[PDB]
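Work the whole structure out from these sequences, hints included.
Residues per chain are reported as follows:
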Amino acid sequence: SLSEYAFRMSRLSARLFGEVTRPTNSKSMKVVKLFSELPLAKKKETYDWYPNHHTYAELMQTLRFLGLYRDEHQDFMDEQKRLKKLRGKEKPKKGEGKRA
Amino acid sequence: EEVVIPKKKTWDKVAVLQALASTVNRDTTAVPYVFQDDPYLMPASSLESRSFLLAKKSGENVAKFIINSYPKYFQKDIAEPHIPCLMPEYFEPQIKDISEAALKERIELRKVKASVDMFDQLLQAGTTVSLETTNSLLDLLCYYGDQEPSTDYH
Amino acid sequence: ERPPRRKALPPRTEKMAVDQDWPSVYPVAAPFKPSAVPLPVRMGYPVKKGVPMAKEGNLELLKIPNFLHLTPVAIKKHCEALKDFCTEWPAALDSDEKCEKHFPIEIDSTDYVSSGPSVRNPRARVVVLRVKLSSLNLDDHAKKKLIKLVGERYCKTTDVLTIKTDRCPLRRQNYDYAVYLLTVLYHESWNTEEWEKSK
Amino acid sequence: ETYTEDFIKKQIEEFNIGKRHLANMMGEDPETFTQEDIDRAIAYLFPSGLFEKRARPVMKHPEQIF
Amino acid sequence: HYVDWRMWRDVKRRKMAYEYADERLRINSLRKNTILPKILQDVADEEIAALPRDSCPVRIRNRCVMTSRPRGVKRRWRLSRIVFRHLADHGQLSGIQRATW
Amino acid sequence: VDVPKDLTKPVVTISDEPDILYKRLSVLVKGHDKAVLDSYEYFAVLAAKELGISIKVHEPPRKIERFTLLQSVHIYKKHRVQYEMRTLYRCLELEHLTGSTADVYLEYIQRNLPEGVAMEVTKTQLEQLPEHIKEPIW
Amino acid sequence: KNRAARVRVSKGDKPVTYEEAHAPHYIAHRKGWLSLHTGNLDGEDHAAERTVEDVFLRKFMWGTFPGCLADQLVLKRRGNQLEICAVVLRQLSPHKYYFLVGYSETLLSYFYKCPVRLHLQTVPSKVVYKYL
Amino acid sequence: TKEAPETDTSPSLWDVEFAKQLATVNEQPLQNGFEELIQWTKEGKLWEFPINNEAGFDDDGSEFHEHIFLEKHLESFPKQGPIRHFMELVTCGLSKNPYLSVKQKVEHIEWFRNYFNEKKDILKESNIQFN
Ligand SMILES: [Mg+2]
Ligand SMILES: [Mg+2]
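Protein chains in written order, with the UniProt record's numbering: chain B, 3 to 102; chain G, 55 to 208; chain H, 45 to 243; chain F, 67 to 132; chain A, 28 to 128; chain L, 52 to 189; chain U, 36 to 167; chain X, 265 to 395.
As a list, the in silico DSS-like pairs of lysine-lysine whose alpha-carbon atoms are at most 30 Å apart:
(1) H:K142 / H:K176
(2) A:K101 / A:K42
(3) X:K306 / X:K284
(4) L:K107 / G:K62
(5) L:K60 / L:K100
(6) H:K192 / H:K208
(7) H:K120 / L:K74
(8) U:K161 / U:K49
(9) B:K44 / A:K101
(10) B:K35 / X:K388
(11) B:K32 / B:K45
(12) U:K165 / H:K93
(13) B:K44 / X:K309
(14) B:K46 / B:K32
(15) H:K187 / H:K145
(16) H:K192 / B:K35
(17) H:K241 / H:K188
(18) H:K187 / H:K241
(19) X:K384 / X:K336
(20) G:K61 / H:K145
(21) X:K343 / A:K59
(22) F:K126 / H:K59
(23) B:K44 / X:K336
(24) X:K360 / H:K188
(25) F:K75 / H:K51
(26) H:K127 / X:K306
(27) G:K167 / G:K150
(28) B:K32 / X:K360
(29) H:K121 / G:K61
(30) X:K336 / X:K367
(31) L:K85 / H:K99
(32) B:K44 / B:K32
(33) F:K75 / F:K119
Simulated from the structure, these hints should not be mistaken for laboratory data.
Here it is, written out as structure tokens:
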């Protein structure tokens, strides 16, 4: 639904501005969209979604063993685990458990 | 008609900060800026002045000791532009091959004992050590008197 | 204990003269320090038959981004030292009409200042180039061909061609591209193709 | 909390000295600095957006506060 | 040291998907057009299907980074509604207040 | 009495390259607190007046983003908690600046940007026609 | 009944600070925010990473200065700088405070790759706003 | 003085250490807030103002034409036919991508060249000649 003049002017402008020049259907235009953006898996929001829980936990465990960080929570579960040994509720040996 | 554009003015990245600093003078009511500006924490004597700074420096040394002891925990770089000075330091030789090129590393790291031992091993193997490399080893050995430079902790 | 517990010294606002050089106390942006600010400022919603809380240990005053380092006295002293860095605007360019005659092209760029460890902002790369087609040496054919090539980039009411570029990573690359697009548009508009006779 | 008369007198002395410091900070005449100038200075130096004005930083005469 | 095994499985999926993203994009482009021969597009269909299952981006779940809650998460803060409210109601999120109008 | 005798002024070197000409700078500042934007405006306008810069200030309309969350940890769907983030604006419009003047003013006011305030600086630069566009080559 | 961040009435013997006495519907009315950054402004990025950092810093300072903190932290971000303002008590010796300030500023600067300052303000005892 | 010093020759340990002693005589503690900001700026810790969002990022010193004009890289591919049309769509998308470096964009194109070289036999069956 375009005149030859209008069609040829649109093709010249598309070449000037770096757009698709050959006639391309909407299905094949997805190839252009695929390579003009980063894949969702490659975006920093995606692969850096979580904080590095290994670093935070391990750093603060090392700082506790060094005497520079007081972990009130870990102190709480160390006292509970200590009172369970005196009560006899100790974790069994792996493999050599109650069942066999 | 012609319009005359003024010539550009160029200054260092710290020039504006230095211009603003010139406008202010020392505050006589305050202790030196290095100290915490708090009546309980301000040094109240010449001795506390020295000891309070030594305590702060000790804290910084302890932090640096941890950073270099556990580089893994401080390797996530989120700074843009990158800040090289805020990264962990690696003081150990990473070239394990016995060669003259690998020896140069130990001299750059100032490992007097490692370098001397490796130089001896290199000489026993019979490989050639350049005069410049030998001179660099002598510079390291002569300057420090064949004694290890002080380190944070072993 | 050999002595008693360390006693806090009196606040140093008691040593401050009422005609001091205040900019020397707060040279740069710093948190509100009750012992350094000689003002009986109070803050906090008062309890019944009560008064707003005093400044010592007042966390509400600590939460404010204060302007104690930017008193009118300091700002005037600061700007006197910064006059050496400034250059003089060309006196000829009195009005906007005069600016357009001598400098037809306008380049818009944006810088974004946020707080955080990274300065990067993907919006800073965009460059916008504006030029009125009346400032370009375009004949009748060239002007008509240009308006058809650019499309909605041209505004008939203002007669302004707006070229926005954001293809390249950097702003300098998008600026070089914007200038290049204007160049090829100008030269192509002047070129006459044989198929143009089918209009 | 009870405010004895001696305490109020010490608070008035503090307000007068602070009032002179505030005029010195803003580069104005200590002798013609009014309460409406104090409020304007406090608003600039300690900008608070809290919707309730009674929670904002205030520097008033002790007679009006206590 | 992740909140639970479920979060740990999502961490591995995000890592594997990142490693394979370029290869998946390249193969998928071969399939998402009518230009190339169908014989070639059929071989690409098999190749992308042979990649490890955990490289598929649709398998990633936006879990709360603090508690691992798989639903009720606000994407801007990556926090569950419960954790977000706990931080917001204590005044620890800059500029977030209770809305009344 | 203990006053510095002489002061080393920072070296500002006049270059042989011509300076940039900015027709306009649009300093849009965003914040959650209106009083903090009032103080920043007073500071920014005073700094502009002392440096000889023409400045005009207006307040673009505020943006209030609201969203809803569940009241309870479990069930009770009818009960919600509604939060919002208010973004207030102030726009400083500078005019007829050179590259050096803008560099100094922007460094000064950007370094003193109060915590919780963002800035977007739109710079309109005056340029001359490219050399290649003076006449057609065909 | 609502529960969120409400210190409930006791016998009139529980001392509460000014922050702990105000429920969440006062956060922009009578009390301010304990953190000020640009993440949550319209059109601004990285609100999520700022939030995680704030949560870590409040935990770090609680355990690094055990029993010293007299109220909640005030976190300030200006450009590249991070400033932690803490109201502490006057029980720990000054030497130990200076050590911990030098240690925390260095360790946190290397962890978050930015200049970090710690501004301590000491109080003789916890500031009581009211007795609930 | 000496007309030309041995700048190319690296400093010995003695020269380096002596230069460290000359930086200590002039070493004093920070005197105010401005001086701390100046030190941080010199070390690279504090951002340099006015803020430049591209500070420290020059994508390999690439030019605008290396990102936008990518047909030089399609010279090994068939000049006509489906593979040409397809690769023209790939390069058009790549030319519109501000998130990839030139190196990354050329890697995409290089992958397709090898892929179509692996699939020559399949392509011949469908009336396509690759290389
Ligand atoms: Mg899903
Ligand atoms: Mg209800």
